[PDB]
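S.K.: One letter stands for each residue in the lines below.
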Amino acid sequence: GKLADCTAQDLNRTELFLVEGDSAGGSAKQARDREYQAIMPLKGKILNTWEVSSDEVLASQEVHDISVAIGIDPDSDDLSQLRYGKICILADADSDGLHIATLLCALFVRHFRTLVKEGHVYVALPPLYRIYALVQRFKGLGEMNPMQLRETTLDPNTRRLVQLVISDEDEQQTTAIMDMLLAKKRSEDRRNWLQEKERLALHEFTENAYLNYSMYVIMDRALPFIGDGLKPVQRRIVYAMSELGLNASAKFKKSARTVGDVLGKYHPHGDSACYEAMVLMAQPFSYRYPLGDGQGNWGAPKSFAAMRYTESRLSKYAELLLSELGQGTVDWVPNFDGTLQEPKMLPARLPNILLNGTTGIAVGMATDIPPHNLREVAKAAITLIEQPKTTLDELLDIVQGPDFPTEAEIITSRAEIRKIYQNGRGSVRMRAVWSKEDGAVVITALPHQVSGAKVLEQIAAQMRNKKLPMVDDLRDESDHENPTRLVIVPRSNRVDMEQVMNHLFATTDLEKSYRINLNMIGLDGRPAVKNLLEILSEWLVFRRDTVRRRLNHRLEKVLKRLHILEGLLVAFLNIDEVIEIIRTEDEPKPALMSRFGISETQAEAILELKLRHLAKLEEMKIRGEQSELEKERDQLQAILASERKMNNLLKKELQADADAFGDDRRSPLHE
Amino acid sequence: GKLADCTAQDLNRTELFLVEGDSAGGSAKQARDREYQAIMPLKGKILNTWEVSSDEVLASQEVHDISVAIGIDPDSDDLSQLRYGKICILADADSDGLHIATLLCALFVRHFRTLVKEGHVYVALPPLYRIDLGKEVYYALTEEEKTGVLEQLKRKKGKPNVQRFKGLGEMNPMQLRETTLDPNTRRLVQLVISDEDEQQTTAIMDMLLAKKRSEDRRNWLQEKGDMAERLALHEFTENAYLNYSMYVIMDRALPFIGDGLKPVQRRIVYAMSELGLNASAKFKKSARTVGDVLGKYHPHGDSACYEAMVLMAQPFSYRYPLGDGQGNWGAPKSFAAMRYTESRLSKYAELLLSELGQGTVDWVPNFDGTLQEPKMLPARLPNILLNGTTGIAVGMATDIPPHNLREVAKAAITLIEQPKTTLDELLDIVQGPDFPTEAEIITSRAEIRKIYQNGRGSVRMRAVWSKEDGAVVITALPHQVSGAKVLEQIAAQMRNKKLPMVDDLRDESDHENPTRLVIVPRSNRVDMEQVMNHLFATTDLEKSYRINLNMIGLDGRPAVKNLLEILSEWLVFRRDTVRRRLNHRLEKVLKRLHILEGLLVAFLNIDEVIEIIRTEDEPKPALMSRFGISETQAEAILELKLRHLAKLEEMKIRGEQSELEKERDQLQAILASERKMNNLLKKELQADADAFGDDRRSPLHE
DNA sequence: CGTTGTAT
DNA sequence: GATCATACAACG
DNA sequence: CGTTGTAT
DNA sequence: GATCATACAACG
Ligand SMILES: C[C@H]1COc2c(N3CCN(C)CC3)c(F)cc3c(=O)c(C(=O)O)cn1c23
Ligand SMILES: C[C@H]1COc2c(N3CCN(C)CC3)c(F)cc3c(=O)c(C(=O)O)cn1c23
Ligand SMILES: [Mg+2]
Ligand SMILES: [Mg+2]
Ligand SMILES: [Mg+2]
Ligand SMILES: [Mg+2]
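Those protein sequences? They're chains A and B, same order as listed. First residue of the first sequence? That's 1 in the working numbering, and the numbers climb one at a time after it. First residue of the second sequence? That's 1001 in the working numbering, and the numbers climb one at a time after it.
Please keep in mind that the hints were generated in silico from the structure rather than gathered at the bench. Treat the hints loosely; a few may be bogus.
Stated by the list, open to error - Per the computed footprint, the stretches of chain B lying under chain A, defined by three or more beta-carbons under 8 angstroms from a beta-carbon of chain A, are: (1) 1171-1185; (2) 1279-1293; (3) 1340-1351; (4) 1639-1646.
Unchecked claim - DSS-like cross-link-like pairs, simulated, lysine-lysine; straight-line CA separation at most 30 angstroms: (5) A:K251 / B:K1156; (6) A:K251 / B:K1146; (7) B:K1045 / A:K302; (8) B:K1591 / B:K1620; (9) B:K1333 / A:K29; (10) A:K454 / B:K1002; (11) B:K1662 / B:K1588; (12) B:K1485 / B:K1497; (13) B:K1485 / A:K29; (14) A:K29 / B:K1543; (15) A:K631 / A:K560.
From the three backbone atoms N, C-alpha and C, an ideal C-beta is built for every residue, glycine too.
All chains should be built: construct the whole structure from the sequences, respecting the hints.
M.R.: Next comes the structure, spelled out in structure tokens:
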């Protein structure tokens, strides 16, 4: 179908390239030899055909096209109808590229063992840098010129293609190693595996390739950092918005601009997934504390408008992550192009990891953190600072539990919640809020991530199957005033609507379960499941560090300014002689230093003084500023040397921030 | 199908909204009443069912879904199965929105006349501006209405917020509800076709939506150059289609004679200039520049924008591209995504972007009003003839072939030297169109002369082939010829037994030789010339090209112009822009000289100056009085640094003063002489011709 | 019908 | 990320 | 089986 | 500009 076949059938000379990107496929087809080189693009990530039947594999259109292209059936085929001498897999140097490579290797090993054993499976190794090396630095196959692609991966005289082989006595390890990687079950074995950690062995390639993707997804994709509770994509988005000046007080700008900036500066991925994550951050029903200010259609409790239409802006809450940024609080690593710099963390003032929470899926592990109440978590942190010996139960007496932005009751025993937080893993269930008035049941609040229309459809279908003769009629009185209003009117006032309600809790989606897995990337740099006490403590460490760094930065600034000011006052005290030196001495810079006992910095400061600064008001301003800066310097130096004053400062900032960004408990606890 | 129906069947109360955007449809569905309001989105421009059969209309999925939604067949139906009391068309305030409106009006008028006559067709008028000062909030569909609102708000506590809606997708659901949905606050007009007006309605709508005619639309556009509860459909349709027509003509399809660019292209190259993506700069991701174009200047889609950009980057599409990309930008077709490709302006683009910040072009504010945008670009060479353009508007179109830079430059210089130069004399310089595809342009020089004399015509190209040895080898194809399509054509022609003379067809097109098509004959006695003529007549080895020199002149109105008119008018543009540059630089030099004189005066009496500074409260007016010095010079003295009190600084200032005096003399001299001005223009033209010069790619033959 | 190029 | 139907002029 | 959220 | 199949962990 989408194949671009060659003008030859002679094996041991013909080559079939499987390209990752359709665009990359176009570039490859533009540079092939055509006399023996055919190019077939595989649109997107293929299926995991390691636990699929030999007949079920033909169902997937990608694997189907691959099968038809190779001219072999997923069973013993043994050449014969092999249309190409060599089948080479060509994907870019991404971790995702190695993932696709490992997938194709799984498909080939499991369903075409004869082909791999005969030595027809090849891996194309593209260069990572060009000055070629396996400086320009190619981000992908789509980004590199056709001729470059030809020289790098196509032309045999200049190519670097390795042959993947599964020799005897290594075939046992191959089938064994590849199993734990691509098996839908196991999973824990993959956790432990990640924990412990011209021709090439297929088992060696698969093990090293899958490690790259696993580590990349775990560290730089699915799992959030304990500091600001953000994933790389989200951090890049909010920072690129900060750079775009899109503050909460600023005017709205088109989403396409900020997205294009995120891609063009920091995020080397697609615009679709980026704008998707952004839209997710902008939704009040998706995010407890969004960041998170949009104009236009940003969805509803679903799908939204295009980025070419919507306009965006950071929330006032986002300040908690973006204030104190340019004050030497976070470290900076350079971006993919090396043209700009990017913050590794954000100077969070409140533990966003607990506030907003996160849900993600990596390789071998996942993360599921529920949102919480800002005031409660803040109070818990402050309590943790005041009394460091505070146990988990006392913290639980402050933080009731998860706080979802969907109202409704969280029906879960306080002991069960206590266990969930003490062990870091568990499940929390929510139930819709309903009231009888009058005699009829009206739902006024739905659980988190409940469609509402789907619930109505569920009850309606259940009625249609004659399973609910107790209910006379179902009406949706959900208007602008009342967002969620689902009325259920029963036939006769003798029917137990409570029993029907419990039945709806058991059958419909009025009651929902939520996975809880407090897994995150700690300050150590490695992912780990942590309990509430550990999270609050470690975050307290992070905050303490960042605050300390801010204080030191400000201290240095103040000191330098004080030095320059002292120099300036010295200048003013003897301005006539200074100006005289300027207009009578050859190179007055070192002359000023000698005559007044002044540093080169202070000398340059004097030299940079303006004539309008010779007025008296300027000397007054400078002296006053000197006094103020002296007091501030004393304060900063004082707080820096006392652990008590430092902790007190942290407490002050926590309480102050808790008041400004505070919110009442939305989802109450019940049973 | 995509309908979000309401929970009622009671007519004279139920309303059906036809939304332009699926996203806007989402916003509308999110804000409807559901008790009587149903929402159906129409994704994209509908079909023009004004010359289509009553059955052919049902073939188009959009019109089909609309028909099923209304519960009426495109023939006489007469209510009965009418599912909704009112059918309202909802589109954003674009000219494109009014186009969609006119299209839906065509569909309803021709195929559902009974429905429109009964009064069920409604047009929803959305607000263009939103003004809010405090708890007060106002909406306005007219700019005059907006300025009216602002005048009233001038009595209240200041600082009002104007929003300006670019479309329905960008406005919040509740705003859409209050503005166009909620009956108590909406502004929906009823479209009616009363008796004796139905004849005029059918007449006016015909010339607008008829595939033929066209010239009538030209003449109509030529001659053509508050609200109530109900409006005449013919009055609405004629004015709506006028808006779209004028918008497409002026701000879409037709290029401006100055820089030879369309609004999209101009916005792209300017946004690249602002992004600092110069020819000497490093490549940046295309998504960045596209996102900038959309986020700053262009209020349209990213796809079509990146499409135009990619088209500008192609060496085979653009004679002089601008136009520097890395990655897959297509081949002689389609390309890679913007998330992968990297971009940068060409060295040629300098000709449009140099002299930008020198007061050469006018500036209009952007859609948000936050930034400014150039109306034109200070072109140094007539890009309108160099690159050429192809576009389709309403009533008219434009087809301009590319030309050779050296030839056109030489023609311009010749036009400056001898202003009485005729068209033939210019034609002796400019041979004709110059395509970036090699190959011969087999067209009589007289025919070309006529084509250029009338501004309209057609130029034909033919592939370049040679016999070696005994076999025919094609080495160059005409512009926009696929080659693979040519191969497929000849091969199919062979398969149909139409070519028994030809033994074999081979594609020896490699990296070294881009186009190499070998045709081997059976036996050496067959006349391959006859076969070649047959392939020229049948296959795509010979291609015709439309020529329609229509463009927007300096007058501001589109018109077909001949080569002499184009070159002359462009010479006017260039002369004017150069004059503006010279004047700008002159003003700068003069001001700097003034400031320098002030500074020297200050240096001459520095002690007294410092005295005034340290003895007079606010010395600015004191310095002015004591030395006879302007406020600007006073501020200049006040901003002097102590390190500038040295002698070397005064020396530098004096030397710069001398230089600036000489430069001022030169600038003022060139400004007052027509001969010196013309000499400057000639010098710059010749200089540009050398640096950006190109050899003739497509030779002329017969 | 089949193109061409900015638009939805 | 590639693809699908549409408007509009006007020639082969 | 069907979700959830960054990825091809 | 909306849509379609995929990986990955893991619960109901
Ligand atoms: C604005 C959207 C509107 O919808 C579109 C299409 N439709 C889908 C099938 N429908 C039956 C008819 C409408 C379409 F076929 C192509 C495009 C398209 O190429 C495009 C672009 O920006 O390049 C943008 N759009 C398109
Ligand atoms: C990798 C690209 C190309 O393939 C994609 C899809 N396929 C099309 C149908 N095929 C049968 C299977 C693959 C797809 F259904 C969705 C997406 C998608 O949502 C997306 C994104 O960036 O958000 C990007 N891609 C997608
Ligand atoms: Mg990639
Ligand atoms: Mg997607
Ligand atoms: Mg619009
Ligand atoms: Mg398109």
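S.K.: Give a verdict on every hint.
M.R.: Now the hints, each set against the structure:
For the segment 1171-1185 of chain B, the stated coverage by chain A is satisfied: 5 residues place a CB nearer than 8 angstroms to a CB of that chain, which reaches the threshold of 3. As drawn, the segment 1279-1293 of chain B meets chain A at 9 residues by the rule of a beta-carbon pair under 8 angstroms; at three or more, the given contact holds. Closer than 8 angstroms: that is the beta-carbon criterion, and the segment 1340-1351 of chain B has 3 residues meeting it against chain A, so the requirement of 3 holds. Here's how the segment 1639-1646 of chain B fares: 7 of its residues keep a CB closer than 8 angstroms to some CB of chain A, so the rule of at least three is met and the hint holds.
About 23 angstroms separates the Cα atoms of A:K251 and B:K1156, which keeps this hinted pair within 30 angstroms; it holds. As the CA atoms of A:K251 and B:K1146 are separated by approximately 20 angstroms, the hinted pair is consistent with the 30 angstroms bound. Proposed proximity of B:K1045 and A:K302 is supported: the alpha carbons are some 26 angstroms apart, at most 30 angstroms. Our distance criterion of 30 angstroms between C-alpha atoms is met by B:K1591 and B:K1620, whose separation comes to about 19 angstroms.
For the hint linking B:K1333 to A:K29, the alpha-carbon distance of about 13 angstroms falls within 30 angstroms, and the restraint holds. A hinted pair counts as satisfied when its Cα atoms are at most 30 angstroms apart, and A:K454 with B:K1002 qualifies at roughly 17 angstroms. Restraint check: the Cα-Cα separation between B:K1662 and B:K1588 comes to about 14 angstroms, which is no more than 30 angstroms; the hinted pair holds. Straight-line distance between C-alpha atoms of B:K1485 and B:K1497 comes to about 19 angstroms, which keeps the hinted pair within the 30 angstroms bound.
Note on B:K1485 and A:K29: the hinted pairing holds, with a Cα-Cα distance of about 17 angstroms set against a maximum of 30 angstroms. For a cut-off of 30 angstroms, the pair hint linking A:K29 to B:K1543 stands: about 27 angstroms separates their Cα positions. The straight-line distance between the Cα atoms of A:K631 and A:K560 is roughly 15 angstroms, inside the 30 angstroms bound, and the hint therefore holds.
The structure agrees with every numbered hint stated previously.
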